[PDB]
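After this line comes chain A, so read on.
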Amino acid sequence: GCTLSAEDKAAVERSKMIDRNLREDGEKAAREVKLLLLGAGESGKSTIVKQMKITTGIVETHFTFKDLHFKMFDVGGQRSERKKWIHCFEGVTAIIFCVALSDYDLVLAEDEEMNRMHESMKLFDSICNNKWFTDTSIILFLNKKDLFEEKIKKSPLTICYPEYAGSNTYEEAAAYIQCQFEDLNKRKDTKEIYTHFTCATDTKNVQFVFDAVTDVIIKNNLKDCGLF
Partner candidate 1 sequence: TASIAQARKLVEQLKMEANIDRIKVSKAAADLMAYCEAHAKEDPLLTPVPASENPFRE
Partner candidate 2 sequence: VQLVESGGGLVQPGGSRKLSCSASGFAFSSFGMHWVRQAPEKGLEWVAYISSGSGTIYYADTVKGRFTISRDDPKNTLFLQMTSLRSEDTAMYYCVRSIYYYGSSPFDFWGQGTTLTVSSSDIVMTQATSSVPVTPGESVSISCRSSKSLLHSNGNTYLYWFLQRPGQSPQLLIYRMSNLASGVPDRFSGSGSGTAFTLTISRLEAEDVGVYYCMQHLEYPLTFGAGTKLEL
């Protein structure tokens, strides 16, 4: 202010006010849990969108649970190269993957060479081995279990897994599918995968999401404060 005119002082005051507003906005916005919802082909994506809810490039969902604000990003309809816009979700808290295990005997809608489960596994492997998600937790959400249970009785899962020999029941097949999906993980130390089976009640799904995000938050806070 020694060599600053009155207009310069007013400009400085305006800049300080803008700085204060920006800092307030950043502090307000730095307390929301961001989740990235992603699925492969025709899965139960919108299904869990309706369970958890209770501009076509990206879909924004906002909701609350136990005084926790969740912002879900559904970028299924981007229809572009994933490697050119996936780095903007680097700071996401968790990735909610979508797999329906009732499509083991159903071939792709474009060709019969493979069935949908193999494409789901191939895309899960690509997501897990991403360079931007080395320490990003993933939730599995294996849904449509009822149709799989009905279909496993008439047709076994040996077609999808020719090297698998089991009791061909529901529990054993579900355990095998979960184990195969978990084995796709390559790190197993920096990141973890949470598996859940969806039910007809929204409460189970929302509680599982809340528990997973709380665990991720605790791990991140422990890393930040240097207790681990």
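The candidate set was assembled so that all candidates are chains of the complex that A comes from, given by their letters.
Definition applied: contacts are C-beta pairs under 8 Å (C-beta built on N, C-alpha and C of every residue); 3 or more make two chains touch, one makes a residue touch a chain; residues count from 1.
Within this complex, chain A touches only one of the listed candidates (1 or 2), namely 2.
For chain A in complex with candidate 2, the residues that touch the partner chain are 3, 5-11, 13-14, 17.
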